[PDB]
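With the hints as constraints, model all of the structure from the sequences given.
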Amino acid sequence: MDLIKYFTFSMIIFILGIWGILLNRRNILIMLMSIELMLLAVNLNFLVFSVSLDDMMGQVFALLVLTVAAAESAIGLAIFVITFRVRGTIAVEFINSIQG
Amino acid sequence: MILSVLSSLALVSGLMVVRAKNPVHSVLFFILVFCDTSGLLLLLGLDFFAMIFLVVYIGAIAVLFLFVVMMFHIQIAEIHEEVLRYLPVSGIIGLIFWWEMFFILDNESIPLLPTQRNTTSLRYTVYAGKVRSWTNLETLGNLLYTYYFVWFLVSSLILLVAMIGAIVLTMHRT
Amino acid sequence: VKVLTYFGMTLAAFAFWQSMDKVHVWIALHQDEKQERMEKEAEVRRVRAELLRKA
Amino acid sequence: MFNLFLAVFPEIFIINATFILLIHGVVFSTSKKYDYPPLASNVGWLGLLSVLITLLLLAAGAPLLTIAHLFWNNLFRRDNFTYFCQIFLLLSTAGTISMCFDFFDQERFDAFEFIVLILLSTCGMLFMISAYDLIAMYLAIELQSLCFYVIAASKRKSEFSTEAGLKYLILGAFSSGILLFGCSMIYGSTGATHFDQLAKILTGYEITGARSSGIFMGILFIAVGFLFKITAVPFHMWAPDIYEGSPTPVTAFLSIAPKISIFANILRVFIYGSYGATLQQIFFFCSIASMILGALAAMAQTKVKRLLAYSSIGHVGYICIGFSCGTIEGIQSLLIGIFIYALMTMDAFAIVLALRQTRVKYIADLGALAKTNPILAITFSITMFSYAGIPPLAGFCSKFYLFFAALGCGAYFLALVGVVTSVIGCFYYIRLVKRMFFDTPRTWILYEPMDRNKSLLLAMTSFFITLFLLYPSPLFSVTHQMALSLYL
Amino acid sequence: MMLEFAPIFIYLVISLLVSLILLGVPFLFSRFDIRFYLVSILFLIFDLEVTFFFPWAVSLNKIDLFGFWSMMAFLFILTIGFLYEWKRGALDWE
Amino acid sequence: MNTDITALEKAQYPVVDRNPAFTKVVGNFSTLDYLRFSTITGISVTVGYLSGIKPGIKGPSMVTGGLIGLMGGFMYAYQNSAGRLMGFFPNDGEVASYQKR
Amino acid sequence: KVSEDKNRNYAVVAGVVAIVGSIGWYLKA
Amino acid sequence: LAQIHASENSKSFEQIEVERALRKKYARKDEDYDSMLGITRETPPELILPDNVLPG
Amino acid sequence: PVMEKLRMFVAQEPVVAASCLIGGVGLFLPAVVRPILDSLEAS
Amino acid sequence: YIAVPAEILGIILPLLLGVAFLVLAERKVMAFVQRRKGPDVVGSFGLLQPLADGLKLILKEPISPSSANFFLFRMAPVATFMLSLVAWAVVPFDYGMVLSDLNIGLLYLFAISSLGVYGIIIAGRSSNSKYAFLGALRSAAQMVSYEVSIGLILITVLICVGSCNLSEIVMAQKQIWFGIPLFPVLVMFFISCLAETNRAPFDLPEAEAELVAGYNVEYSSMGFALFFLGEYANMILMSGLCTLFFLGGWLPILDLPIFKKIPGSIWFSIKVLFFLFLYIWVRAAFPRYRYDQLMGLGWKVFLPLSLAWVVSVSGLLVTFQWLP
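Residue numbers (the deposited numbering), protein chains in the order written: chain K, 1 to 100; chain J, 1 to 174; chain u, 2 to 56; chain N, 12 to 499; chain A, 1 to 29, 55 to 119; chain f, 1 to 101; chain v, 75 to 103; chain y, 210 to 265; chain b, 2 to 44; chain H, 2 to 325.
Derived from the structure by calculation, the hints contain no laboratory data.
Ideal Cβ placement from N, Cα and C applies to all residues, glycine included.
Among the clues, some could well be false.
As the list claims (entries may be wrong) - Derived contacts from chain u toward chain K, CB cut-off under 10 Å, selection only:
1) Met21
2) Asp22
3) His25
4) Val26
5) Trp27
6) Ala29
Claimed, not checked - Derived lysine-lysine pairs resembling DSS-like cross-links, with alpha carbons at most 27 Å apart:
7) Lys102/v <-> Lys58/f
8) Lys87/A <-> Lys130/J
9) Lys211/N <-> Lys316/N
10) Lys445/N <-> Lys382/N
11) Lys372/N <-> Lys316/N
12) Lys301/H <-> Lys44/N
13) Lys445/N <-> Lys316/N
14) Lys168/N <-> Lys112/A
15) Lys35/u <-> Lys21/J
16) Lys220/y <-> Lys112/A
17) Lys112/A <-> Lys44/N
What follows is the structure, encoded as structure tokens:
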């Protein structure tokens, strides 16, 4: 039952990311962290499957997804900083001008 | 059992990432979720990935999150909302995703039920593979830079874009 | 939260994961009924399409 | 050893030229001696030259791009379909760059890093087209996406541009995570990431009763990611806001090139892999939703950029109808629709960038344009009638297929949706012609004449739009070639 | 083998206990600086560079010249990034 | 590192040399190859000069454009020469020199 | 009597080289 | 008013060219990119009119 | 006259010059010396 | 596994004593350089001064300011103290004398180094004092900056050895110590260790006179003690790494029977003691940099040199096929 238990560990992290999106409509920083939780869960999936199949391709991709996650976080927080610097606040009511 | 302890720690720590009032605490609970993930990786025998999750996720990414969040001094009013009203929608979404994905492997990967018989005596050992064993580190390093070097280089291009975009978006030179 | 609150939530999560273990054993125990039901539904579809082409 | 890299000569050249331009820009923009010169136009001209040399290298080396195919097999796959897709992508990028010099000079947008990021994303889309493994596909998609996040926020003091970048990063990272979860399910279920291995594993079975739910959901999540990328409803709401909030040359670039590259990916992944009906029903239902929602939302718009965004959503619906039918003519028509929509969009954004020198924002700003600039009002009316699909303009071609497949794959509800949404689209397109020709406003806006680059591009695209149906043989032949080369 | 990690865990628990004994016995008697974001970004990039060097350094004897030159190309791209950052004044704290 | 030059689409002309060495391909450069090289380099120098006037850096811009053109023109000439030696492009002169030496 | 701007002269040479080279390129293909 | 008009009308060809280039140089601005570079472009004095002719 | 410009560049920035030299030897040896050794071994 | 706690205690307790006495030795050597005597009244030759200061500190009343971060404020010194203690599980003192023979021990040390920043960051933020917070941010930035150079130097050594096992790294120096060919690398490593332990000339938290309040300004009694003890335990560790990586660990100076008579733990201790003397000698010798100067040194001097040395060592070993 090993494979199912590791899988459900990763799955709970993924669902927690989804819920964190669902539960933070005023908190866009936590939304970015929920996306990072989903990415972590996917990385875990790849590593667990690599072990389970005796195949190395899951580990190569896990390392590359690590690089991608780091780049995404750096750019994401830069955009957060310039959004805050322009507006003076992070409240969602100040980032809703574009619509229709 | 051990997997149950780690799963419970990660579940509570993740709830605290997505439910803490203070975003600094959220970033700190995220560090705990990454530590727990490192423990899981150690159980799978992948010690390189277990160390790298510590070095990159906690040592570098969480630090950046912490620096930004701490200097932002977010006020609790700008981000506060009551979440009792989302229990039904969270319930339906989470229940659909639970019933469908916590059991996606069950048809394909049927668990072996533990019997009251010693099945350890049927483990077949092949000593030929054990003469010169490879670590996780050198097994990965055998592939990254030769058979799959193009993806390695594309990842470098991704990092270059991150450096350029960070400078261009935020730099105000004195 | 209080430290005791984090401890109690961990205990509850541990109980949840043991319950999930019981669910997994239940699903594993009913693979044979799934297989036998699938035998019928696929064979019904065969006997069916074969009869529908006799005419 | 050196001759193996003949297969990556175009990419090597474009990447090295991008590095040269990055260094040149950063060295001479910081120079006190030259008084910190704005280098956006200089590096733009040099980068346009780099793109044209890359195009020369790629098109003149057609057989050499398939050299060492076994050595390069685990990294990418170059064939005739990729050859033509990459040529078209490079042409789109060259046109978009040529449309930016007036914006650089007059708004004084001085950042040369804009050109560098456009070139790096062009590299990423070039790698996207030849991707032949889920890993490589994801990496190239992420490179392209990160470049777009950064250029969407380029006007870093503007509320609109910062808002656009923030929504793009969150919705883009969310969709990428969903797609990556699908790749993990497929890998876990099949032990394979290469497209050939996935083809062999999945053909002959589809849903054979004992269907792998892991494979099925990997496919579903990957499909959701692709649909986000092509702005299909219900994964579309990021597109109008990002299209409006981004700087207009970014909007022009995001409207064309990513669609070419993602549709190449979709073809080589789905049409080539083999889950079957569900995959096409996904795209069928999303095409219908896209046509209806795009038509209604565009009918509600009062600003030019939003109208164009919703029009693009509707047109991707029309194009995806071709992928839904799953035949040779379906793929051919998808490719023809992509090509014609790209040329039309390039026409429309050339006009928009020309009018952005006097800050066009509303449809009503185009009042009395047939008096102040009659030949521009005619060129723009031709584009709107082409968008509406009025024969014998090039836009009819794509509309003709929609009904051809609807009566070919036997789908009359699709036909009815097409008739109603075509009528709605015609209405909101001819509303602009009414504004430029029939209205008599009290206050007029006089617009500055466009530069030579945009006038030449506009003249060529307008001649294509009016006269393509007279000599359509090359596009038909080449798209038939590409549709066949997907399998052989 | 992962057997050698168990002493590290028991060591952690004992260190925790010592920490709490030492800390407990006495209980018986609004200004954002972008330069910190920029240093964080630089550190993250070079953290990933050290990470990609670890497998390369242990695998150099098998990958030979091909592996060496692919790592050199990787470094060249990241060092172009570093030169960009240098010329833009991201390495200056005055 | 195991390698394989074999292409997906077979060469349609006499294969003078399957995997010609770098210096052999460079020495195979013809008059047309040098004409392509020179045209690309000259156009690139010219574009560098013309686009450099407004910022005031016409000379440095000329050098940058010339470098881009030199790399691109050399790559194009190499492409053509190696394709001729490998039989992918019409290679009358290569075959005439091969059948004699 | 003499054009002094050296960079201008080199640019002129490059333009002439490009024109003559394009003509030769057509003439030999 | 006569002072500024007389100053303009008596400029030589070279000074006319110098000021035409300067006028084109300073017609628009990018203060965002300037702040990124950490520089402050200043209007040259030959393009600044005296205060006695300004509307205020 | 790019010969004292190199001299000034070494005088102003000795760490950069030393890094370029050290890394340049590291790149030069496999690029040039190593094929010489491989060829000398073939004969 | 029942005797594992005995081993762990036989590591942790003598380490806490060695740190107590490192503080004393620092006060004695600085005193002697300054023509003073140093602690010599509390016990014979001042040898009971550590005990007296520790007992004084535990008898001090805790303060616990009225902050909204009561828990984090107390947890930060625990965090840093634990991190400083746990690195010693993988340190080999002699052949076979090590608690955990990790095959990934080099990367594990790098990971602990990377974790060390959080204690300082959290102490600075949880203190509810802008001076403490700013000092903490500067110290964290300095630490992460010099971690890059530390990691690239680790890569140089790994290239020479071809294994992350610390015992293997030591035993690869039997032919020659790595500090002979890589003496500049040893110099840069020692300087990067000074900057990572926040030691002179890089000790920003000590520059209170300079209008720079350190991250631990609000701490008193035992939390303040835990910060100080973690910092000093890190100095012995960084002296142990300098010894393991470049001075051949427990190996003798010369492979001769006269030198092989004294055990390997004595050799290892003596080299560690040499490096601890230099940490104190430098504190006693030079003034300190400003924050901007040491940041410039970190990014503009030590990153480029470290990267160049990686390239040069790997290229030279690949050229002549001297790789492990």
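Going through the hints against the structure:
1. A distance limit of 10 Å between C-beta atoms decides the matter here; for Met21/u the minimum to chain K is near 6 Å, and the interface restraint holds.
2. Of the supplied interface hints, the one on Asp22/u holds, with its beta-carbon coming within about 7 Å of a beta-carbon of chain K, less than 10 Å.
3. Proximity of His25/u to chain K holds as hinted, the smallest CB-CB distance being about 6 Å (cut-off 10 Å).
4. The criterion of a C-beta within 10 Å of any C-beta in chain K is met by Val26/u, whose closest approach is roughly 8 Å, and the hint holds.
5. Checking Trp27/u against chain K by beta carbon gives a least distance of about 12 Å; that is not within 10 Å, so the hint is violated.
6. Interface hint status for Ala29/u: upheld, as the beta-carbon distance to the closest one in chain K is roughly 8 Å, under 10 Å.
7. For the hint linking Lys102/v to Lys58/f, the alpha-carbon distance of about 33 Å lies beyond 27 Å, and the restraint is violated.
8. The hinted pair formed by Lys87/A and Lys130/J meets the criterion: a straight-line CA distance of about 19 Å does not exceed 27 Å.
9. With a C-alpha separation of about 45 Å, the suggested pair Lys211/N and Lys316/N falls outside the 27 Å cut-off, and the hint is violated.
10. Pair hint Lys445/N plus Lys382/N holds up; C-alpha atoms about 13 Å apart against a cutoff of 27 Å.
11. With a C-alpha separation of about 8 Å, the suggested pairing of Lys372/N with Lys316/N holds against the 27 Å cut-off.
12. A hinted pair counts as satisfied when its Cα atoms are at most 27 Å apart, and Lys301/H with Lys44/N qualifies at roughly 24 Å.
13. Among the hinted pairs, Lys445/N with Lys316/N is consistent with the structure: their alpha-carbon atoms are about 18 Å apart, no more than 27 Å.
14. Only pairs whose Cα atoms come within 27 Å are accepted, and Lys168/N paired with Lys112/A is accepted, the gap being roughly 23 Å.
15. Taking the CA atoms of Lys35/u and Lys21/J, the gap is about 46 Å. The hint is violated against a cut of 27 Å.
16. Only pairs whose Cα atoms come within 27 Å are accepted, and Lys220/y paired with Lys112/A is rejected, the gap being roughly 41 Å.
17. The suggested pairing of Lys112/A with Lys44/N holds, with an alpha-carbon distance near 15 Å, which does not exceed 27 Å.
The structure shown violates the earlier hints numbered 5, 7, 9, 15, 16.
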